[PDB]
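Undergrad: Residue strings, one per chain:
There are 6 protein chains.
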Amino acid sequence: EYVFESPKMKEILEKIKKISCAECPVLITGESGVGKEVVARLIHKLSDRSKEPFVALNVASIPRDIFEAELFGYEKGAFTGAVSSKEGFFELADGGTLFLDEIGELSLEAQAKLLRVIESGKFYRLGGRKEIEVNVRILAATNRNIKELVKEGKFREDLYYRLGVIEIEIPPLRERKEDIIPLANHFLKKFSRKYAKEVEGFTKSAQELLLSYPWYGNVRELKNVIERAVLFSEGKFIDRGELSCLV
Amino acid sequence: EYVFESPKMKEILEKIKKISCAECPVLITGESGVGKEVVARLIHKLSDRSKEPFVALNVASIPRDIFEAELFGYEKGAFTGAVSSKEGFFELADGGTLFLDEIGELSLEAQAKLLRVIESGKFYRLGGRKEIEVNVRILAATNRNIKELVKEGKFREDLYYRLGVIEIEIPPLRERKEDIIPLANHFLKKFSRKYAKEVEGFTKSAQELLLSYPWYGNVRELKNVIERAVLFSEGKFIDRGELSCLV
Amino acid sequence: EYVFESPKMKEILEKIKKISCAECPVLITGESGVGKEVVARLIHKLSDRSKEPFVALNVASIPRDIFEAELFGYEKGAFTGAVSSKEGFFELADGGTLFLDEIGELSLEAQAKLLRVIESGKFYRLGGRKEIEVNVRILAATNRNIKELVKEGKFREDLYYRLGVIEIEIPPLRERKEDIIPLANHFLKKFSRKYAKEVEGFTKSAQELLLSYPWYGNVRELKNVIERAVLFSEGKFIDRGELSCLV
Amino acid sequence: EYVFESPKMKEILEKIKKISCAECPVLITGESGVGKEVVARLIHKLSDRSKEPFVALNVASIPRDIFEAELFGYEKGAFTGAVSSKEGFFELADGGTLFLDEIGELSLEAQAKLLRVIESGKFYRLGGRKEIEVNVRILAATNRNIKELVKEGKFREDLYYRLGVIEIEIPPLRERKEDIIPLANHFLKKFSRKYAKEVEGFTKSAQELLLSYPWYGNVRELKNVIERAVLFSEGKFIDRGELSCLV
Amino acid sequence: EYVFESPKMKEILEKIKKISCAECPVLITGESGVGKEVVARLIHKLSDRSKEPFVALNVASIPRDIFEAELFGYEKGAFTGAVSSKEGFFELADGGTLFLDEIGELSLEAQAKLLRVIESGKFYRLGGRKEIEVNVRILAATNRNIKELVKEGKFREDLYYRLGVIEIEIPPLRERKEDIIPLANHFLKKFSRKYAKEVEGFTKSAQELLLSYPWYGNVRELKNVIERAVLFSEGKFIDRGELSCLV
Amino acid sequence: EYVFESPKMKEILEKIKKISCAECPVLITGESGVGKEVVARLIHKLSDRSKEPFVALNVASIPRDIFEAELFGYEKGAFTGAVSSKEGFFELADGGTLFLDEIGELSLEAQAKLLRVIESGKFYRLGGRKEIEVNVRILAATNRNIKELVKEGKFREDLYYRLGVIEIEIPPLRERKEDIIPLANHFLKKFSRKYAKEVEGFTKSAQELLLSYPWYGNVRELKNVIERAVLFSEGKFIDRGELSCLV
Ligand SMILES: [Mg+2]
Ligand SMILES: [Mg+2]
Ligand SMILES: [Mg+2]
Ligand SMILES: [Mg+2]
Ligand SMILES: [Mg+2]
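Chains as they are written, first to last, in my numbering: chain B, 1 to 247; chain F, 1 to 247; chain Y, 1 to 247; chain C, 1 to 247; chain U, 1 to 247; chain S, 1 to 247.
Excised from the complex, chain B in its bound form:
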């Protein structure tokens, strides 16, 4: 029930399918909320590992202190690791997919780590002396400008080219007019079901406005305004008037 219509978005769909069997890093770019996450989840579904686990992880929320430990895991004992060994996120994602959103926020200390992972697929647990090898597909995404961040010295160049093999840039919504209404209608149908309203579709007078709004919030802001509209809707159709005060 996901929407891909515009040529640019349709092109991505084909591109994704071609790499479904690929075991190599992917870097997703675009403004935040252009559906980069859906793309990441889609790659998992269309691959041969689709039946395997899909691990979603926020890398920012991870404390710098335990970062290495929580990712790669740790063995029993070994620096206050209690009496028990515990797996890391990579091992949990073994054979599956690991998705890093907002990867662009990471300490240079931490960025340098994981470097040796991507290509070699090998690492050591904290305090473990036995090398472990795992099979993991790495996916990364950011709403930032990756190209510039390297130049500003906030991101290591050497890491970019490993991750920057394949790059899919979801363009902003304002340049996708064809994808506006189809998305807008789908959400209406969705929110109408959860909140249980009588609403169906949009007036043409309203339809023109949605087109002429250059969506700085992309498809998220879009999803949100409708949720407001559906709640404040009265009749079976939503006019420009109800949205006029909203935009």
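No lab work stands behind these hints, which were simulated from the structure alone. For each residue, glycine too, the CB sits at the ideal point set by N, CA and C. Keep in mind that the hints are not guaranteed to be accurate.
Calculated Cβ distances over 12 Å to all of chain C for the following chain Y residues [said to hold, decoys possible]:
1. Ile16
2. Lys130
3. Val150
4. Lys154
5. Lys204
Cross-link-like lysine-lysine pairs, in silico, DSS-like; alpha carbons within 27 Å at most [claimed, not checked]:
6. C:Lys197 with U:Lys194
7. F:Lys236 with F:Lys197
8. C:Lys17 with Y:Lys189
9. S:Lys86 with B:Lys122
10. F:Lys76 with S:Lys76
11. C:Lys197 with U:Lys15
12. U:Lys45 with U:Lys8
13. S:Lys45 with U:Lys194
With chain B fixed as given, assemble chains F, Y, C, U and S with the ligands onto it according to the hints.
TA: Here is chains F, Y, C, U and S with the ligands on its own, set in the frame of chain B:
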């Protein structure tokens, strides 16, 4: 025992009733002392979760060191995470409401963390390998200009659109003239009760004065100014003279 | 055993007596050494809570790292916060009075933290999940111009209105003529006993200049200047000559 | 083995004797090496507490991170301050004398901290809930112009008046002609014993020069310069020639 | 295996022999690579403490954060972690010699720290309440102009007089021309043994050139240049041509 | 597995072979990322140290905070560095070779630290009291202008003379055109094997492009262009068109 008179305030009151059944984020804005906390606390009472827990957080008072840990909780080891697993504020608010006060005073480093929580309601405990999903309706407030702070890059654009589902603009008190006199009477009644004075109500001269002060502290300073008057009061009524030295 | 003579200070004394039963925050302002601490300490004595504990705190010296911890208290989930639970200063002062001196010396970062404490009297221990409520009367002092600092954006406006219930302006000593000579006799009498000198009082020739010195240190330097004089005194009386080299 | 000959220095010596029984702050000023340390040590010896502990501290050498802790001491808690409680420097000096050298080298942020300590002799240990009271005579020294630094707003005015009870301005060596030679003989005599040379005294030609050098280092450089000469000395007397390469 | 020919160096060699019995600070100056480290090391060998420890430190390479800790040492606690009491470099050098190399690049903030340490040799451990007294001979070296920096206010005057007991200014190699050829021959013989080549000596044409190079790197560049030639050498002698591309 | 065709590289290859037995520093210059690692890794192979470890590290990309820690290593002491007893890159490379890339892009603060390391190979562990000596061959490289930066004071002169023994230039890739096709085929072979494609070799039309083109990325972009091209390749040969969109 809450005061809503002015037209602008009545419009907001209705909106709250409409969202009684709403499970989605709300962003409250306004100057200092316009009752932002009350609104947040009020929405909970008029919702279906009213008997369930209401969690108040200043979100500033949270130490950056344990910030990640205290919110998402942690498992039985952190690197000395003691012997016990311990819940976070989010799990505490499960089925209930979580209120983030003065969120705009929060560091960009920290904002990015909360990101996948708001929309997905999914996160990881520290050292935990099991994804946890919880249901919490999130309330946020600031006395700053959130709209502009994003433009100035002091606040994440990506976070705003997640919280910015519903946006309530509480106007200043100076634009609510009708809410002036009624409030002042309420506080007087209250403080007369606490301090046990003989005071009942206001002179016409004082009432007139209260109108011409543009309440830079809004309804906070107001409560304070009245409390001041009650202590220094002698008779049963408050004249312009007792307030003359106050303004 | 204190000195109140001048009309302005005698005028101040009455206000204190009226609010003895008041449970609300007080902010004392003025030049350095004008007796801000005695006033604050006095208010406790003249109140109905006078028999309860009085907590004196210089809020400058608190390190930012434990700032959160030392105030609100903490549980054993403090990252090797040992095995023991510890109360905070607010909880210790429950039912009593808490005096925050030099509040104006706080970083805007630090100020926002205190915010929900002052007004709500509610907070969370670090790692605690149950809200704690305390009854604390707030006393405040600063050497700054508090009114101006707000306009300069160096002090949070939202915090001022929480603390700014009652405002007391202690004037400089140069504007208090009546309180000059009486104080001097008090200190001389005091130090004469401590140091065991033969000195009794001041000559009229000495006394006239002492009034015409605009005491930039207010009453500290005087107390100090007299402390200096007794030690260098010879006879039973102090002439203009002994004080001439001091000014 | 301390040298006081010059009239200027003898007056100071008298000042010291009169305050022997006095308990209160003393502020020493002057160029570097004018014997500020000697005086401070001297005041202690000639006092009634001379038998009590003397704590010498460079408040510059204290790292900004633990500064708060090292002074006031701490109990088990906070900091992740491990498992051991420790007294602070003030408690160590209780009843005795504390000497702060180069106090003028202290950060303005840090200065404000000391305030309620110096005057009241009252504080809280870090993590301690018991107010501790100590009796401490405060000694201070600086290589700057303390009076001027205040006018430039680089030093707290409020702290100065706390510390500024007694004021000692040690003059430069160039203004002490009488203290030159006597000091020089002392240094020569001492080093002659330590290094075991045959030197006794100065030529008349050499003596003339020592006065005509405007001793920018006061008596430090002097002690060093003599130390230089003794080492390169051959005969029983030191001529201008051996000093020519030094001065 | 050291070379001293030039008058300037021979004078210096003698000065050192005279201080063999000296326990006092030494400040070494000169351009980079003039043998400041060996000279400092030499003074130790020729002193009575030559068998006692010689502690070498790059005081730049010390992190600004722990600078205080590693020098003065620390006891249990009084830092994050640090479960063990630990000595420091000053304490390590007791009875011996401490060499601070490249001392002149140290921050003004940092210089003041060492101040009560250098001359008095007394300090407190981090977290220690017991004064430590040590006997350490201090050696200092820099590629800067120390005397001039003082007038420029980039270096503490108060510190200068402490280190500036004995001052040795190593002249450049260009004015030591007599020391050029002997050194070059010395290096040639050395590298010839290590690399095992057939080379013996220099042509006169080459020798003339070596003199006409104003060696801005003094003896480092020279040492390097000889090492370069030997590796690319063919015959038993090195002509001016092989060096032409080097200069 | 290295490719040498162009005249400049063939003569350069000889330089390395003659110095095979040399134990001394080498400074490599060139545009960014051009076989600098390849040259350096090769020199090790041809050395007597070929059997010992080779540690490659980017010394610029490491944050200043742990900069000190990662180089010399650290003990269980200062920091905050937990229990980790960890070798530093210098200690890790003992007996082997250490390669520092883009050292010229490093901040002056950091340069001064490493100073005593390079030449002496001597240092202290952080918190360690035992002098450590290592035997390491130093290899250095930069994408900067080296010598000229010194004149601009952007690079320390004292440091340059340590590293500047041997100097290599290397051509840009555009002047090595003979080495284009051989290299391109080798990398092509790699990705075909790893990714399992049907590709064999290049079309003549593709070769036409390979000749005339501003490769500013030298041999980096080539690896990227092929890695991109191979993945999007369809047929058995690569045409001019698919490479066109990559540039
Ligand atoms: Mg995202
Ligand atoms: Mg609030
Ligand atoms: Mg005060
Ligand atoms: Mg001193
Ligand atoms: Mg050196």
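Undergrad: Tell me the hint numbers this structure goes against, listed in increasing order.
TA: 6
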